[PDB]
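A single chain, nothing else alongside it, follows as C-alpha cells in the form deposited in one PDB entry.
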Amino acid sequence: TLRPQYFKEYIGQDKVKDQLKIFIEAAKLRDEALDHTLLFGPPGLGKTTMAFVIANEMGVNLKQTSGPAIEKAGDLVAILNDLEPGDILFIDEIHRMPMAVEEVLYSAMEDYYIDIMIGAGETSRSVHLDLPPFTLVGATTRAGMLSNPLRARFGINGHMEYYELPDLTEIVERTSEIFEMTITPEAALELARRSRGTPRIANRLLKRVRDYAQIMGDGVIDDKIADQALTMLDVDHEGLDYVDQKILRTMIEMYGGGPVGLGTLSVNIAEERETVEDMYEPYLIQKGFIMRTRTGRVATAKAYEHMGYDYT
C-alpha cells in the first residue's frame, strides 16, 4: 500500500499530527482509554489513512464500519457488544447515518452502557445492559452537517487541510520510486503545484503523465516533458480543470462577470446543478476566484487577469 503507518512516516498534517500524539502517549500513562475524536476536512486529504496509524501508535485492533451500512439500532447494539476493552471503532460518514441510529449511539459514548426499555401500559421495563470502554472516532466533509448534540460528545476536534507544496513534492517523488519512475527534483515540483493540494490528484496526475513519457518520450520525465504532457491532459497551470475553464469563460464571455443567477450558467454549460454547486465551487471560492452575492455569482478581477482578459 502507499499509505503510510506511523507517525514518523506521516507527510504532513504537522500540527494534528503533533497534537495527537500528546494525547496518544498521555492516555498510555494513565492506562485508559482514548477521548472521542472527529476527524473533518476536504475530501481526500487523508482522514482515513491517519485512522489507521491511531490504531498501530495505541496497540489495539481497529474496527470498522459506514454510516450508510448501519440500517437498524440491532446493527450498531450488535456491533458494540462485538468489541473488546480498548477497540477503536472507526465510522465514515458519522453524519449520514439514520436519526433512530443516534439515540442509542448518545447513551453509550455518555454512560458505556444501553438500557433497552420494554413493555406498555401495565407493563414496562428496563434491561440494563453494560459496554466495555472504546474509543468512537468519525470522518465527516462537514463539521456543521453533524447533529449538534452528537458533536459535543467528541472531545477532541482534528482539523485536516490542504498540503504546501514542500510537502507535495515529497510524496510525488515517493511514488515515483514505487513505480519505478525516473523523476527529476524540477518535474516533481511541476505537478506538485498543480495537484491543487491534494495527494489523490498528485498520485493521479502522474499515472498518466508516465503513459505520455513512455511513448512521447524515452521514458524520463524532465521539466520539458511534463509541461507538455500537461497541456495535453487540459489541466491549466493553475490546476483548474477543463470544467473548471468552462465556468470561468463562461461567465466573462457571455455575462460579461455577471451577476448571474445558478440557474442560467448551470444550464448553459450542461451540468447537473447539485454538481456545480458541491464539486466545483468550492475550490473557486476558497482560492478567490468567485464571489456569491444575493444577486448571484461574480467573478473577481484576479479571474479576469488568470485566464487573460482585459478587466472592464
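Think of the rigid core as the biggest set of C-alphas that the two forms share within 1.5 Å after superposition. Numbering follows the first chain given and starts at 1. Compared with the form deposited in another entry:
- Once both forms are fitted on their core, the CA shift for residue 141 between these two forms remains under 2 Å.
- Remark: with the core as the superposition reference, the CA shift of residue 24 between these two forms stays below 2 Å.
In place of the form deposited in one PDB entry, output the structure of the form deposited in another entry.
Here we give the lone chain, stripped of any partners or molecules.
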C-alpha cells in the first residue's frame, strides 16, 4: 500500500527508527506497556505513518481521534475508560485541545486515574476512576504550543529530519511499483533531486509526470519523457519554481545583489509581502541562495553560479 506498515518498509529516519526498535523490544521482554511517545517536526515527513507502524510492531489495536474533535472534559472522559489493557491511543493535532482539557491528562498519564464528580445535588461525590495501563501517542507540528507540565510527562520524544537523495530515490521507485509504471533509474534520481527533501512532494511530482507520459507519450517514464514533463512544469534542477527564479534575477539585475529590503523587492515582482516571506524566501535561505542581514537581503556566490552571472 501507499503507507508502509512495518520497519522493514519504512525508509530513512535512522535515528528515530533505531531508538524505537530498542525501546519496543525491551518493553516486550518485561511484558508491559510502552512509555508515552511524542512525535513532532516539519510537515510531510512521516509522523502519522510512524504512529501506525508502532501499533503494528507492538501487536495491539489502535484507537484514533484528533484534537479538534475534542472540546470539553466530558468528551475525553468518555473516550477514556473505554480503553482495554494495552490499548494505544493516538491523538493527531494534539496542540488543538483546550488547555482546560489538557489538565485532565496530568493525573491520567502520571498515575492512571482521574477525579470525577458523580451524582447530583446532595448525592454528588468525588471518586477515583482507575484506568488500565495504556500508551498515549501524540503528533504535532507546533510542539511549543503545548503546556510545559504536559511535555514533561512524555517519556519518549521523536524529532523528524529531512531525507537525503539516496533515500528519496528508493521511495520514488517504491511508489512507481504501486502504480503500474516502468521507471528508469535515471528518471527516479532526476525527480528526487527536485523534491526539496520531502516524501510527499516526491509522490506529487510522480503523479504529474504520469499524467503527461500517458497522454503525450507512450506511458513509460524514460529520460526523454521526464525532461519534457519537467520543462512543462517549469521546475529547475534545483527545485526552484518560476517565481523563485524571478526573485533571484530581480536582485542581481536591479540592485547588483543588494542589500535590498523586503518591501522594495516585493513591489517589483507584483507579489504581496506575505507570500514572499511565507512561501518562497524560507527555502532559498535554508539552501544558501539568500542571506538575511541588518541592511536587507543579499545574494550569495552560489546564486550567481546557479543563474549564470559573474560574482564581481
